Amino acid sequence: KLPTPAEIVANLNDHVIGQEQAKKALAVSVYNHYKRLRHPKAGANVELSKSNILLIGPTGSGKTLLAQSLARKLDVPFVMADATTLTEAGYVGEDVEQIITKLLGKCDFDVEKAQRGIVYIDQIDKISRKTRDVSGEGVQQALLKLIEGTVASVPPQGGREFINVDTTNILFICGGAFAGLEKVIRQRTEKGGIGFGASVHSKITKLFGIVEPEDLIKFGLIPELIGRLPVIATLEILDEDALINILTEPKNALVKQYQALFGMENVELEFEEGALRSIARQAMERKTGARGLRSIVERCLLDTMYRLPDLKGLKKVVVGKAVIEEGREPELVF
Amino acid sequence: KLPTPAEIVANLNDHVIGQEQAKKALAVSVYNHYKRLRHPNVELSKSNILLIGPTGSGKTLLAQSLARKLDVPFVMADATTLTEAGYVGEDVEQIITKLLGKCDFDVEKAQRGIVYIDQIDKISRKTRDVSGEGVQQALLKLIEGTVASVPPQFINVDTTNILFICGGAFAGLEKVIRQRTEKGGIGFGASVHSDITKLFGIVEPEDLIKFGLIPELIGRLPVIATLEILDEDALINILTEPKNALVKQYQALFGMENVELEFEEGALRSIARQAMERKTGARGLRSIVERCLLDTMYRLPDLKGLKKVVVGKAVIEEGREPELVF
Ligand SMILES: Nc1ncnc2c1ncn2[C@@H]1O[C@H](COP(=O)(O)OP(=O)(O)OP(=O)(O)O)[C@@H](O)[C@H]1O
Ligand SMILES: Nc1ncnc2c1ncn2[C@@H]1O[C@H](COP(=O)(O)OP(=O)(O)OP(=O)(O)O)[C@@H](O)[C@H]1O
Ligand SMILES: [Mg+2]
Ligand SMILES: [Mg+2]
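Protein chains in written order, with the deposited numbering: chain E, 63 to 192, 199 to 228, 234 to 276, 282 to 412; chain D, 63 to 102, 107 to 192, 199 to 225, 235 to 275, 281 to 412.
These are calculated hints, taken from the structure and not from any lab test.
Beta carbons: idealized from backbone N, C-alpha and C, even for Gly.
Errors might be hidden in some of the hints.
What the hints assert, rightly or not - Here are the simulated DSS-like cross-link-like pairs (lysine-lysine), alpha carbons at most 25 Å apart as the crow flies:
#1 E/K264 / D/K365
#2 D/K256 / D/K334
#3 E/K296 / D/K256
As the list claims (entries may be wrong) - One-sided excerpt, in silico: chain E residues whose CB lies under 7 Å from chain D:
#4 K63
#5 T66
#6 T149
#7 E150
#8 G152
#9 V345
Using the sequences and the hints given, assemble the complete structure.
Laid out in structure tokens, this is it:
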């Protein structure tokens, strides 16, 4: 049978912390994706179209991790695409049908399976409008007919007879960090006016949560592509508390990754709660999202990691709060 | 015998709401197409069709719906994949290869087919414009009769009798038309004065030339049919009347469970209004319904005993839960 959307989110929960709405949007679409694919395809039965998703969120919020985490249990062909390598048909670069070639390769060129797969297109915000915009609007236009059902003509599994792939039922998840999108939403929601007769109006998570096509059009996406991404799911910006859970709760938590490296030696690595909050706070100030957690941990551990493989008798190393706030050595337990 | 244009529209009516002028233009052209193919005497030339309309107006659906009852080979081409003959990309003769493939490479049948070229507006003029004007130029001798040479199942295909339906959302065209018909000048003696349906309905070759199509291609598309921007009422029928209406699609998805989905009349009108504000045409209807039903669809497979879901007007305007009836 099919897993319920709650089971999909439960699996996503082992990897992504926060973004409850983005996890919900992905889980429901994938569940509906499954249902559509087992729906009768002939007779008096209504034809079912698909709802594609656009993921809008800040750097290091978990967009790509959601897609990668989702992929672990999809049971349909899944591919990670990259919009920065796409160009118009007549130019250097990859054409939009290259995506289908990659999805098709993932299932050993079994087309019937490729047509049931799910495509994640990363960096969708990088092909916005803001001559011939070969790598920008030209790609958005080329994708219009790939996202909506067409028949892609892609090379065979050998060297360059081409394969006809019906993309009608391929689910597309697009996303990116629309960095300039908050200013547009603020301009629309806080217009106001200047001068007497006119009235003057009051002045990331909140703004993205209210995004509308008008903003994406002014940002630089074309209306024809926006309407083909009917579901807009947003990711918030991680705060100090979310960044603490990301250090220890996930299946591949940052702390767990270092404990494993120290575990290839015979030394146990422990962080104090004061350190975890200090790390999360410092990382938050770097404005790189969760990624900033790695810089802090690499920083505080650099000198103990240098010595560790040469030290003999060490059993446990403790990273206290002081080791994050001040240039202190971690306590070494022999 | 042949279906009358009224029968062609009657079949289009089960898929496309409104757009009466576009349906009339297609029905008459297809009927004339059938008549040409039966005429052995004056030599007859074909009238090709250009479909101009906004996003979500139903152009491609008309072509898809039309294709269900054509009795001749039919394909949809994609102008965004076409390039000049000497460059990477698909040469315009691939259109014939696809039309020819649909009939298992029976050339006599392929030569009698109908081709819809989507995204025709994407090969406008605005060096060597390999993916733009170069394609328009390449198509001139494909749309007007030539002898194509295409790979085996080379095969010679006479395109004289192939009907071409081209279309696209000439997004910048409404600005061009306003510049022509609304002078918008400054001064005491100036005519000064600041609606997609009204504008497109008066489109002239002059506007398409200024937009970016070449006069040689415009003259080969003698029939310009225009689609209206969907209004509030059209967008309500699009939710429930078509064979593949949006609401019916969700009722079917809910029907993959044992739960019945019901919309109130007030909800349908509210959805249509919100869809218009998104400026995506009918496609905006899907965004609104997805928004309103996201939480219900998430929980519905886990809920036990649920038998009916009611989406009222208050569930479109306010962030409320659809009434769950157990
Ligand atoms: N919500 C989250 N929960 C758990 N880990 C997260 C979260 N957000 C980011 N991370 C961590 O950040 C790292 C990279 O995240 P990710 O690849 O999702 O960023 P991204 O979406 O690619 O950002 P960008 O859009 O700038 O490319 C991973 O190690 C991941 O564990
Ligand atoms: N007049 C209409 N009647 C019924 N459904 C419509 C109508 N117009 C649009 N739609 C709906 O809009 C969705 C997409 O329609 P369609 O593919 O015709 O748009 P489009 O022609 O691709 O727009 P564009 O050419 O700008 O991409 C479908 O769900 C279709 O049912
Ligand atoms: Mg990424
Ligand atoms: Mg279309």
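Review point. Which of the listed hints are not met by the structure?
Key: Going through the list in order, the structure violates hints 2, 4, 6, 9 and respects the others.
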